[PDB]
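Chemist: So you can see what is in the structure, the chains are spelled out below.
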Amino acid sequence: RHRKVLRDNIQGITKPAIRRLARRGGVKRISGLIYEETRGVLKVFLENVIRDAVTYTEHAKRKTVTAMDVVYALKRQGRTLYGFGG
Amino acid sequence: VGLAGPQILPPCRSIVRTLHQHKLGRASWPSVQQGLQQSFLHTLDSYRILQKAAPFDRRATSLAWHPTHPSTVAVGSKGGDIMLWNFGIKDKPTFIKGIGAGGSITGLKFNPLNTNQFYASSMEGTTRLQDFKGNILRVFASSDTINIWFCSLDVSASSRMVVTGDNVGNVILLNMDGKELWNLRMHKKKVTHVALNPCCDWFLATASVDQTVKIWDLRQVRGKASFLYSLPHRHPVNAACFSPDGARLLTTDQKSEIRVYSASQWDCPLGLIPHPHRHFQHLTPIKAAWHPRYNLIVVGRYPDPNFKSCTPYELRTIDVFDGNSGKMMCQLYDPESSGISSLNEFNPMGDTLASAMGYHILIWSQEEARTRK
Amino acid sequence: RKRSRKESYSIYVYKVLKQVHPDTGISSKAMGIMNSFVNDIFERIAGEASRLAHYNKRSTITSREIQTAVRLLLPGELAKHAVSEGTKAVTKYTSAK
Amino acid sequence: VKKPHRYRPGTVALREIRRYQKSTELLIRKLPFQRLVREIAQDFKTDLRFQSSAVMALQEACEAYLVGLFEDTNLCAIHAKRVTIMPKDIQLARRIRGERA
DNA sequence: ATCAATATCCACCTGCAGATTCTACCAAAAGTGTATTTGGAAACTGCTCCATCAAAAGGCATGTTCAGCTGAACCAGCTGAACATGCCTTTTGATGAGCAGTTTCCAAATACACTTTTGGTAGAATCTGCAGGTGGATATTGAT
DNA sequence: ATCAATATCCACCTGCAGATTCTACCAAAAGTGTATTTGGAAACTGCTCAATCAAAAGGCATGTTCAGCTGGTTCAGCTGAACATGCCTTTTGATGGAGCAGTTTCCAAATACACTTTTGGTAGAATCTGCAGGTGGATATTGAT
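Residue numbers (the UniProt record's numbering), protein chains in the order written: chain A, 18 to 103; chain B, 55 to 427; chain C, 30 to 126; chain D, 36 to 136.
Note that these hints are calculated values from the structure, not bench results.
All residues carry an ideal CB built from backbone N, CA and C; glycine is no exception.
Take these hints with a grain of salt, some might be off.
Here chain A is said to cover these stretches of chain D; the calculated rule only asks that three of the stretch's residues, wherever they fall, bring their Cβ under 8 angstroms from a Cβ of chain A [unchecked claim]:
(1) 36-43
(2) 51-58
(3) 62-74
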């Protein structure tokens, strides 16, 4: 058998979920090639933020990533986040 | 690693002739035992056909074999529910319930004397001795205050002693009729497993969450960690079980490791069998076991994407290693049983294996024999 | 028995809310939002004031510097009204010692 | 009634627009997102753990970012007298923001 | 246009998940008083900035002319929404160690006062690469 | 392809605005010593994280339709780049001559700091009620004959 669920990866971010997301942005009609590209885009964003978060985590000699690290890592990219402390 | 797998073959050299060599006196017994270990591995790769299955309620925590008879077994649940089951009987085996919520049996050995009895250690805080019909014969000790309970238990008959471990760090040692001269503390935290040697009578082993496993002398030491030996670890320990021969101690951790300690200089190890049996809350902790008549080891595998696997194919399966070498020799697998084999125990007899998975009990004997007229 | 102590701006936000809309409540998440918002604005303003001070080789942060930073960061009419409130506050505080 | 009732193309999408814009619950499921984060983090440093609220915060940030991106995408699309977004639109928007990659 | 379908709004009902109110008590905030800056008034100076003139002068205002561009009808085809279905993922509740978060304490790390150099910097005295100039070889362009 | 008209690029020269180097010297760096504070290795402990199995809820992979969106074709305007001309806003360059940037003094105001005494902000135990959810009934938006 070969499942590895659909890639054991980003492909669990299913199509209709992206559809709902595009619906939030007011969009009506989407092409079939969008999905994959969006996924790649998402990955890049996450990568950068997570990297920074992990780096903050590494400075405190912890093995648990806290919310605060995510907040700060987001703040440095100009995407400050409210509602989780800081 | 290698030498056996879903694709690779078990059988090494075809030395069976050695039996007659033994009939002549040239070749020595240990080589023969080696060859017949080889034979058992070969036929164990045909245990693959799962004989029998058996359910009951919430969760499995402990397993035990009826010593004299092959097909009989006892098992203990998350909810103080015990079962006794015999194969080839079809008489709808015997049951006994408990509270069901906070009465988790955690240790279970048969009575060496009265086969219709059994010892038990319970989350209620009462190391008890009780019948398969339900009547409790005797409590042996007690917490006398809830939220402090026992976890470990074992007994010896040649010496007539009982031993039991707590959830905080202290061990108790009773006679088969009470008469307690013990309850000095041994550890700092919960004692997960503990056992007595069968070939001597009077040195003991205990293991704990303290990243330490300790060997005692129950007649000579009285001074609260005037112990005999103490072996450290990198992680906690889920189980420490002796050999039948008495010279090889086996130890199995919570993160990723197995260790073989020997008679010779308890401190240093002989060999490390890396293999994942990662610990977890709702899972039942994993307990390596010897096979009574060879130098084998039997374990349940619980994969880890972070464990550095030497083999590229990592399934949920029962592994079988060699004791005095280090590497593997067999792997049992059968879909429709993709659960995690928490417990595995061979018979004292040598022809049968039991597995305790979550909500399931499995029996692995061979089948598909030829027929009579 | 060991116990820590985490401060916030919660109680004060609650007071203000009861002043402006007596028959209205507010959830914990939103109060957290307001807490983070206050912390963010505080940090921006203090940092900007610091930068102004350092650029003019003055070692004291005063009301003047805060006023300047406010005019820089915020736009238009919001700045003017807030500045009004600030000046009124200073005038009241300085008199009734 | 004989034939199944059938809405014309576009209407149900609009219905989805109004329904999801009126509410606020997260649209992506927790678990896959957890697994994604865990995989990527594993490739930088091993055996890390994550608090739940951190995952929630990443979820909020990602969804807000994507929403903004699709918004600019849709504007760029409208600029070309189309109604269908395409990859080059997304590329255009990201290139203009400077979120290069 | 009018009739059924279906989605959605709106009136009404109930118990619980946060919302709200009531204790102790201790870290936090105000008060005295003193030690210590420190920023604004006054007095000066020289750098830089601002209103004028004049001689080009390169650049800007205007006016033609036409070759490429911007849209506007039209249509093939494609491609992606609607919907049904079964199935597969996801959700959610069962009552152990690990790690975030404190508390001690002192060996290492580093601020502060003063003296001794010394490298960095303003300004005078040389250098020189390159902005202008001149001349000639292609390189594009564009008509034929 | 083949031939005229300008635009761009190479070669060779030359003097000067800017670059580089050489002094004097004075505000930082280093040393030394001593006073002060701090970060990180041990002792605890109470919240939270790691992931399985069983039973059930809700959503997704797939496959069938078909409306209308894309995108290429062709064509009627139209309007915006080339380029000529003449005049005129700007460059440059000079000069004056007011005003402000920046120094230097200094002292009356302001504020950090070491205590002492109040006090309200916050953890945690008792109440509570608005809203999530649920039931039921009435209007709105799609869409077909």
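Chemist: Does each hint hold? Answer for all of them.
Modeler: Against the structure, the hints:
Only when three residues or more bring their CB closer than 8 angstroms to a CB of chain A does the claim for the stretch 36-43 of chain D stand; here the count is 0, and the claim is violated. Three residues within the 8 angstroms Cβ limit are the bar, and the stretch 51-58 of chain D against chain A gives 4, so the coverage statement holds. Coverage of the stretch 62-74 of chain D by chain A holds [criterion: at least 3 residues with CB-CB distance below 8 angstroms; count 9].
Hint check: a violation occurs at hint 1 only; the rest are consistent with the structure.
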